Structures are given as C-alpha cells and as structure tokens.
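*Asks:* Throw the hints in and build the complete structure from the sequences for me.
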Amino acid sequence: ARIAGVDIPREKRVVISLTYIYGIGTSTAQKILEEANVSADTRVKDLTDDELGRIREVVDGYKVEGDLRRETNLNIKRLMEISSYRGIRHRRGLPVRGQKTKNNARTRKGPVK
Amino acid sequence: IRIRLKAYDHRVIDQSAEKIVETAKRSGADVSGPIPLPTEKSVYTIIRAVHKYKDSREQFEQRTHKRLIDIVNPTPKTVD
Amino acid sequence: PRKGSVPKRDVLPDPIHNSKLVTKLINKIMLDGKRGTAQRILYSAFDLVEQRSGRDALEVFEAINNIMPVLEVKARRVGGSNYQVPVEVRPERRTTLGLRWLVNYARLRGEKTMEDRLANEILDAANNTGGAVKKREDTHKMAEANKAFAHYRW
Amino acid sequence: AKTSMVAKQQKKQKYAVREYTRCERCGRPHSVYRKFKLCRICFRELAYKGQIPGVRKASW
Amino acid sequence: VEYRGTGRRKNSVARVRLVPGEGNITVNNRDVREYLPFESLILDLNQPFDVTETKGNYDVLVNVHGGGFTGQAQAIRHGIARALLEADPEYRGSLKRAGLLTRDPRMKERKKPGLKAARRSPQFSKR
RNA sequence: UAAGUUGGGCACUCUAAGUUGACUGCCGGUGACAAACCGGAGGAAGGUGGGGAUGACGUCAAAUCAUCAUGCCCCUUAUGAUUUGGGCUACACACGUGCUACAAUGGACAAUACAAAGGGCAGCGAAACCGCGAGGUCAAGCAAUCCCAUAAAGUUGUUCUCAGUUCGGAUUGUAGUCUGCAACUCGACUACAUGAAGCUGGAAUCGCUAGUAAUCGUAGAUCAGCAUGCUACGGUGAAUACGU
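Residue numbers (this note's numbering), protein chains in the order written: chain X, 106 to 218; chain Z, 142 to 221; chain W, 1035 to 1188; chain Y, 6 to 65; chain H, 57 to 183.
Calculated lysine-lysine pairs in the PhoX-like style (CA-CA distance at most 20 Å, straight line): (1) X:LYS214 x X:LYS182; (2) Y:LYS19 x Z:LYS193; (3) W:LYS1168 x W:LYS1108; (4) Z:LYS207 x Y:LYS16; (5) Y:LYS7 x Z:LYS147; (6) Z:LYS195 x Y:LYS19.
Label-pair distances were calculated between CB atoms; the ranges are: (7) Y:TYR25 x X:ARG174: 51 to 59 Å; (8) Z:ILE187 x W:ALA1182: 45 to 53 Å; (9) X:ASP165 x H:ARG89: 56 to 64 Å; (10) W:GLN1085 x X:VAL111: 40 to 48 Å; (11) X:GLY128 x H:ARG89: 53 to 61 Å; (12) W:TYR1077 x X:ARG148: 27 to 35 Å; (13) W:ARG1143 x Y:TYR25: 53 to 61 Å; (14) H:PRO76 x Z:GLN200: 30 to 38 Å; (15) H:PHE94 x X:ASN142: 44 to 52 Å; (16) H:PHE94 x W:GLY1088: 32 to 40 Å.
Quick caveat, the hints were computed from the structure, so don't treat them as lab data.
Even for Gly, the Cβ is constructed at its ideal location relative to N, Cα and C.
*Replies:* As structure tokens, then:
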C-alpha cells in the first residue's frame, strides 16, 4: 500500500514485501512487526485492513529510518578517503578487497572484459 | 594426624604399615594398626614414542595403593 | 502359507474397531512403550479426522487400499553374481509394513497442528499423489514391471 | 577425581613441564605453600597437636 | 543387588532390574496405571509392597513375559519381591506374616475336545 | 544436620583408599564300563565370579636419513643461520574426511529440577556478573567436597506456518572475539550488514541389541591464528533373533 509508495510484490508472502525493499535481507523481517495477531498466510494486502500502520510506526521509531541509514553510508565514502582502506584506490580501477585480480578477473568492479 | 601412606607395591605398603606402627609405638600415646582399604582401580593401553609392542609407558600400573597409619597424640619424642 | 514363521507372541485388543489392527497401529507408532498415552495421542485428533473429512474415519484410516508392499525386491545374489530378486510379503507382515508406511514416508508434507495434518495426508491418499502411497506402485515397479529372476526365493 | 589428581603430580615423560607439583598426599593446591614438598593445609594436619617441630605461633 | 528377580504368577514370570535409592518405577518404560487392561485394584496391586515399606525406595524399569490380559499384571511385584530377598535378608523376616511364594495352584480351562472343559459337562440344558 | 555439613566419629548405610566367595568339585543330571562340566536354593555373583588382559616362535622393511641407528647420508657466504621482500589455506576445487539447515508426525532464541571423566593461586560458578554469541569480573573454598549442576528424557517453551516464510553455524567484505608482525602475497567463532545452493541426494560408497553400540549430557593426545570429527558414564538406553 503506502509502506513504500508503490507495492512492488503483490499477492504473496506478507514478509516477502520487505525482501524487495532495501535495508533488510529477511534477517529482521519478522523481528520488526510484533503487533497483536501479526500472522501471515501468503496475503500481503489480502485478508488485511489495518496492520501496515503499526509496521510504519515501528520502522520510523527504530534508529534506522530507511533512507538516512543509506545517506550516511553513501556519505562516508569520501569520509573514508583519509589515506586508509575502504577501496581508497580500488573502486577507481578494478581490483577489489581479496586480491582476486590474479586468481581470476574483477567481478566486483569491471567496465568491459 | 589423618595422613595417608603411598609406598611402592603391595608388600612395599605392607612393610610401611608395620614400620609406622613401630615409630608410633615409641611415643607414649594411643596407636592404631590394620586399616581397611578395599581394592578398586582400572587399566588401559595406547602408544609410547619409539618401538615397544603393546602396553605403552613401561610402568607397573595406575594402582592408587596407599595407607592411613599415623599418630594420635604426638609429643616431643614422636619425631623419632 | 508358510507354516514356519518368526515367534511373534504379541497382543493388541482394541474396543474402538473390534479387531487387532487399531492397537497393532497403536503399538507400531508407539515410542518408549506408550500404550495408554498412544490412545490419548491417537484420540487427540481422532475427532478432527472425522471432522476434517466427508467419509467415516474408521473406514478411512479406503486410504488403506494403496499402501501395501505387494512384492518388494529383496536381497539374494543369485548364481554367484550380485543381483536383486523380489519376494512375496506375508499377511502378518504387509499390515505392519503399511501401518507405519505413512509414519515414515509421509513426514515431508504437514500443516496446521501435529495430528490434524496426519488425517489431511490420510485424505486423498488412495489416489497416487503422496510419497508413502508412491512406494506402493514403486514396489510393483521394483519387481514386476522390470522383468528379473525369481528362483532365488527368500 | 581427587585420586586421579593425587596420582598424576610429578609424571616425567617427553615434557617434564606438564606435571604440576602440588600437595603430595593432601589437597588445597592453592592458598598454601609449595617449595620443599610441604603444603600448609597438609603440614597443619601433619603437625596436628604439635607433631614434627614445624607448626609454631611466633616467638620471634 | 535387586536385579534378575524371579516372580511367577499364573504362568507369567518377569525379571526386574530394581536399583537401590532411585524410585522411578516405569513398567514398559512409561505409565503402568493406564497400561494394564483391567486390574481394578491398580493401587492395591502390590500387597507385599505395603509390608515391604519400600514403595518409593526402588525403581522397577523392567518388563513382563507371557501371562494373560490381566495375568501379566501383579507379577513384577513378586519379581522385585524376590529381588529384595537378595537385596536385604531383613525383608524375608519382615514379610513372614504374608510370604508370597506361589499363587498359581491352577491354570485356565476353556473350550476343549471330548469333555466341555475336560472336567465338567452339560447337565439339563435350560429351555 | 553450611554437597567447602558448622555439629555430636551423633546412627550406617549405597560407599570410596589392601581383596574377597567361586567354581569345578561330588554337584539334581549318568557316561557304561566313564568322567563330567553345565546348572539344580546355590549365596548378588550362570559359573575362567561376568570376564578380559595374553602378543606364542613369525611374515611382510610394507614404513623410517624426512621414526632413528646407520652400508649411512644432502648443502661448505647457501639446504643451515639473528630473520624480513615473503610461504604449502584464500583460486575451478580433483577426494577422503569437519558438523551440517532440507522440515509443521517442526526452526534459531525463555526462565530451566536433578551424576560427570577432567580443569584450576589466578583459574571453575546458584537469581548476580556471562543466558543467542564469540568474552572485560576481581572472587567465597581455594582440591573425594566446593565449580561446571544455567547439564537431560519418561515430566515444558516460544514462534514463524505443504514453504526460501523468525527453517539455513556456506561463501563474501568495513568489523568484535583468536592471533593480527611474516594474512599486502597463508586460518576461523557467532554477529552491524551477506547470510548461497538445500524438500532426502551424484561418479561412488558407507552405516544398525532396556544404565551401554549409538542417543538428551556428552570427551584432546593438544601448536602463541584450524575444536566445526568418534573420545567420560549417573540416569533419557524405548528394541532384541524364520535360519544353520
């Protein structure tokens, strides 16, 4: 419904809708919604009238909102450029952490091979 | 004193049980004698270091043979 | 009609089916010598079996007409070579083989509680579609459909 | 396992730094003294009622 | 010592591996109150036990061999009774009032050839 | 009546820390010229108590300079050696082996009642510090005890619901443990994120008897980076023979 604006998955697992949404990889999908009678029978928007409201209150009350967590993650990129690590001179080229440039190719970052 | 008596083998503990009763007899106080110690142990084999067929670690056994003969009222002549 | 069998000496009186198979299935699926408790665990969903079905549970427990090892291929290495030959089951062996056939070859599909799905898998089991009922046709396909040798009896 | 701990105390094999020297026949390996084969706990019981001239009070 | 106990009751001998101390009686390794077919006197099934005064002082953990529907019941009680005889000599003198040694002086007679029950016969069949 | 019992050596058990009866030997039992061992009440000890231990002289060097002696060998500013540029793990993995999640006749995670073989003056824990976890407690006693006991079943979670769902102790990478100097160019635990393939299974092979095989509990001979394999016995230990 209005959980992410335009519901990607439709007519499927209730916790499968949080799988397509970035920020969670089905590790805390059933650890965020703890409302009364918060079950699921393969019906995200089916057999349900009021349940997303409580899920939107626990997702906003949590430390990570959903875009601010990725905002700081996409803002530390230049913050980790103090002659340290975090692919300082790795992402620019093709080599990535693990030195797999000799073992094989650059699957991490590779323009054309 | 409530002290044990760990000698070597069976006769080694037998001669130590009569020798401790002699030294305790010298002192002028109550002395004990025989001490019930029902047999109870186990055995096992493994490997050593070089070559020595079976029965690893050339030793007699893991028997916990001991005793409990001592003195009750130790005086100044109880040292001998 | 083998006169010589294995010394069985077993008892299974049942006052719910008036026979010796209901208690035989209560002693086949029994664990840690559970007799009285077995009935309690069998009557725990017994009412649900006749409530989640349109037929009579007593006669349903028509689902027992497709779980018998008609002719299972056993092990006799015939003629000095390692080969497999099928054998015929005995009346007092197929009943005990099929009784626990759904208690070991029907544990991959379950739902709801722990004793209501047993009847759920029990219903629509005659029609080949399950796993424990798939061994019935697998038994005849392991001995008859593929021709083999039969002289090595046991 | 006190009998198995009172047995393996000075076992000398390939490594002699594995055996731990403790109470010869008694227990209480800690909170005592070990240097000349005489633990305080054992010595106290071995000097009970003034046995061998060892258990004293002070007297400078 | 209270193992390998000999106790026969109407052709129903059964050995008992009773252990001193623990009192976890688990006949057939489970419930023994809802197993016996009949046995109305489930609590009064052990008559010598009362005089033995060792109800919760020994764990059965044994089994039953042969016997009948209710003939297999009240057989482990004598099985542990003989096991208590070797476990303590005081029991023998403690159960001198009762002293159950044999309680099977007859068998079970039913349908038979020639005679009805090989002893009785039909007499004036009621009309 | 402090599982460091604080007692009364208070009453003796189930008792530890030298063995014992017992086992052939008449035995109930007759071999026919003929004992007997089985087992009868035999004692708890089904009979060497139950039992084991036992490596008889050997055979294969099959193995050993890299298991060493040596018929003895291999480097002489390099095969050593005070030791970094740096190592046989991280790439397709080609196997044995390391547990593993493939399911509702059920998952991770509550409190949690009950032996242990062994560990310990620096180290074990009752609500407490340590109850998802990899650890940062000094420490009562300081080793029959005391600690593991927050172990286990016949007596219990939960919960997500014919499945990728709160079912996945794989990879991967900032990073906490173990070591971070030789991992830049050699290991991992469970997590802040990644958490695969995976619905009983390959080429091919391996496994099954009421205090024990197994199994809730479960174990090291131990290297300054691998414990995730059987490894200790109180009780869950439920089951035991068409056929010679």
